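What follows is one chain in structure tokens, specifically the form deposited without the partner chain.
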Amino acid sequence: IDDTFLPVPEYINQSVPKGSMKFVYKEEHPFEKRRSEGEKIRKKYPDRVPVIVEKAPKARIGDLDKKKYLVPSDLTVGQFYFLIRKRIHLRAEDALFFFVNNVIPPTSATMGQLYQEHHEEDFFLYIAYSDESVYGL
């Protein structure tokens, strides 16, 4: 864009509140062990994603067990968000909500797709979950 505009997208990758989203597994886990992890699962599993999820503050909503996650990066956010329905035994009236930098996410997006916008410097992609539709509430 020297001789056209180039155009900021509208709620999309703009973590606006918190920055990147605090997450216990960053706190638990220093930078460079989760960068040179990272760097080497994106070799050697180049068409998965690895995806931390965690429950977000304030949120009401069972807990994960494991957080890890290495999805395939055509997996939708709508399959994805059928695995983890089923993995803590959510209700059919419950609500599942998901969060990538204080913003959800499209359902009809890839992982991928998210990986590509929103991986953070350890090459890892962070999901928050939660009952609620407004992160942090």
Second form
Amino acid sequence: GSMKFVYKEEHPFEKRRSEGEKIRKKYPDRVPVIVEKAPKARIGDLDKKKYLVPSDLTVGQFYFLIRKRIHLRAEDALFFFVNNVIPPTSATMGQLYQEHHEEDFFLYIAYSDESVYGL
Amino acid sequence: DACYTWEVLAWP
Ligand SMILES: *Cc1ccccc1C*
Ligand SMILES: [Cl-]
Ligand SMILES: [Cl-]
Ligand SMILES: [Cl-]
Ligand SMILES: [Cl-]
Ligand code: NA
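Condition change, the form deposited without the partner chain to the form deposited with the partner chain bound:
Below is the entire complex, every chain and molecule, led by the chain shown above.
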């Protein structure tokens, strides 16, 4: 649709899937994650979108690794969404990948200053 | 060589 993650708009399905299958075969202890700013977010940008993440990384650990790349100030709030839902704090990144990776074998996560996606 | 477009994350 017209509301679609930007990475999927710029790379077609079969090309994405081929890279997802290859990187999962080459680095089976990590999971490929596409990280993008939510559309209506008022927040700093990330240098890159494509991350290889240890499966055993906690969600809270992942939050901090992205926060320090955005260079947020202490008073700046940060929220993450998988299919419009904030992940449970008890999840690992491998768990989110296993539950929610798309058919191209990427896991998509969005970040925002707001607590509701695209508010 | 397959990772020129991928950044690897880690925790100490
Ligand atoms: C995928 C990869 C290979 C070697 C060094 C760093 C990274 C992210
Ligand atoms: Cl989408
Ligand atoms: Cl295609
Ligand atoms: Cl770091
Ligand atoms: Cl600060
Ligand atoms: Na869990």
